[PDB]
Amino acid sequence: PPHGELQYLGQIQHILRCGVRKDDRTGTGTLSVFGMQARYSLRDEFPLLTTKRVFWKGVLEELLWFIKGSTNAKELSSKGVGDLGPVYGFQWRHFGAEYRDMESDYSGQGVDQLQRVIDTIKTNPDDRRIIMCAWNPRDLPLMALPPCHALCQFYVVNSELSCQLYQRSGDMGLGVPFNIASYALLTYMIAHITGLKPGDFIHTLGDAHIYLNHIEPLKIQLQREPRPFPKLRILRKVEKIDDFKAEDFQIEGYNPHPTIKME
């Protein structure tokens, strides 16, 4: 079976050759393709891309920050990777609740999408509605009922937990490799607390794009050959999604190609 990373490399190849010029919110240029999808197995392996070193430390630290529901930039940077407003954390754990300040107590306030996902999995694994959404805080004050930026749908079968992430837009060079590892990690965590085995991570995109200044570095990354994906290990029995600590995870067998900076 072909290495899973070949889909990403293949997608990059496709955007460079068939992508259309399209400007983003700031008028910055990109090569764009609408509609994309890739599937990464999470069975006995973790999809942390190898044709470049992915900032795993930042992935793990940021995800844990989101799970805490924190809206304090300091609580993240301090980890080595400031009121930020209603960010993903607040939306994931306090969806619907009005945001005051990073100090306010929002216990029992708003919908806990994350805990709901976990609960639905253990009360009805066949459910076709195990969905969690996230918004770009920027859009919130912009209009009535703004469309989400991303949605995660979970699926269970044969004691296996899969996850599909749909993003209305995807920065193929910087964002995608990081997000693949981020959500693959979330799937690993939820599976661990619900007693299931990770299955597949499916990444779907609306506007999949490459920023003009990333083209050359990507053309070079494309010349690199993927190495066997590493493995992720949870060396501790955790029962609550909130009890996970950075030291609970261990990436093994990760020997990627050199870091590639993307402007």
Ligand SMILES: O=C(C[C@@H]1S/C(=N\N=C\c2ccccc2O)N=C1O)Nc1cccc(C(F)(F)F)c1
Contents of the next structure:
2 protein chains.
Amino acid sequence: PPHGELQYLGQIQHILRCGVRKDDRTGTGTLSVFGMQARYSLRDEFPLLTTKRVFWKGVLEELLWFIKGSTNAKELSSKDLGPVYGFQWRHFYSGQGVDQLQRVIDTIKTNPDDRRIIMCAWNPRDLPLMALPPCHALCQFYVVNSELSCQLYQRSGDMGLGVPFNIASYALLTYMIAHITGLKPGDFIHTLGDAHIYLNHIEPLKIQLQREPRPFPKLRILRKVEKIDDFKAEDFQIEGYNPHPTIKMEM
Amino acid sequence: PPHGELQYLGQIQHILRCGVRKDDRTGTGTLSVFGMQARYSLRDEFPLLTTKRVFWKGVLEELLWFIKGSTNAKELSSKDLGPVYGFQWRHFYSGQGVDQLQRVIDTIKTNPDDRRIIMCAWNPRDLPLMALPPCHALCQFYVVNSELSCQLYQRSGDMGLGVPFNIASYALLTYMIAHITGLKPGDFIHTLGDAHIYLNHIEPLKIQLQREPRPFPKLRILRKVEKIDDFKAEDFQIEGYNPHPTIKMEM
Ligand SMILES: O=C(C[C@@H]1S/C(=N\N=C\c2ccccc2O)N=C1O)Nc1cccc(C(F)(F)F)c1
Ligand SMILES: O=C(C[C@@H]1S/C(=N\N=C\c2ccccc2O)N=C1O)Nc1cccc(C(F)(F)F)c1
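So that was the form deposited without the named molecule. Now I'd like the form deposited with the named molecule bound, please.
Next comes the full complex, and the chain you just saw is listed first.
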């Protein structure tokens, strides 16, 4: 079985070769392809990329912050709001609004075959801009044979910085939900609309491309946890993570 | 360049071999895989499948009906509400609610680089069921180099009946929007969550698999059209459609 990270490497390669020039909101140069998908197994492994060191601690901490429902930006001082944007996962507050995350968990428990196990995230800058603002990301969950799978659709994906961080974030989220629903993690599927590489990330990425992936690490949850709000950073241990060196993509 | 329909055939094959048994809402047997994607070129061709005759007339007529915003079910007598569900494309009436379709068209015109060119469809049975009900489908548009591309994400896809019909529907929609925005059709990308085959469709599909695709036909728009509401069925001509025989999938 080939290494899942090869998908990510192949997508970078594909964008470098066939990507077309396209400006973003601020007009600052990307190579762009529309429509991509990769599948990462979560079965006795965890897709924390190995061709560069991924900031796992920030992944964990930021996900925990989102599961809390916190809007205090400084409440996230664990030592530009993207790329996960989980601000409306819990409320739209101790009972005000729909709780998307809790609804996902309950549906998985009350009707695992449901095709509507879906949670959305919005870029907060979009909210005052218009009514019925489009989500930045939709997350769909899926259960078969006691395995929980997750598919993330992002309307756009920064391949150098955001994507590897998002792969780890939603994989971690899936591990958490599986844990509290008594299921085993299955697949994480990552699907993009506008998949793009910033011009200034090109050379660093060309170097990363020449690196050989190493076996993905494992994620262990060290305690028995009951409710999604109960997880702490200390309950998690990444083991066997042997990545190539950090790459600084200069945003 | 291999025939795009081969993607569809390969996905059927993949579901037959690796699909797992999963019940739907009514509990009536499918083989299921989670997460799929196919890309169909719209450049001087139109992805109306050839390994069985696709009911083009119903495709066109139903899309036109949705663009109208009609809720009179009998208003669609052009001779179970799925699989497109375009009921909220225009209103949520001559000015009441967000007009998703018109907003897509305007954004394409006022800011073609926008990553938020998105329109959603809901299964109407979901609406009274809960607040913030998940869409059945999200449709994202994308513009580069005067080409309009479209990606449809469906939370679930009936591979035998719904999928081929949806491929033609969203391809047609893309042709229409391109026409009125002065762009050329690019790619239609079809992405599924729960991609599935009903048990009773298996044998018919196994037979369809042994059929060789023929070149896709072309779609011609016969008149110069200005606003999306102005299209009529008569403005469209499918040419060079030489499909294998009709296959009845017995729902
Ligand atoms: O600096 C960031 C940016 C993070 S990091 C990120 N994406 N990371 C990608 C990434 C990280 C490590 C290795 C490879 C990667 O691609 N997205 C974010 O929102 N977050 C942050 C972390 C700690 C503290 C602070 C604060 F609060 F601003 F000081 C911010
Ligand atoms: O019977 C249908 C079902 C259509 S057809 C469809 N999907 N078609 C798939 C398909 C069609 C032709 C060939 C191959 C296919 O896979 N989905 C639908 O909603 N629609 C219809 C058409 C005309 C008239 C009526 C009415 F109003 F009920 F009488 C309904």
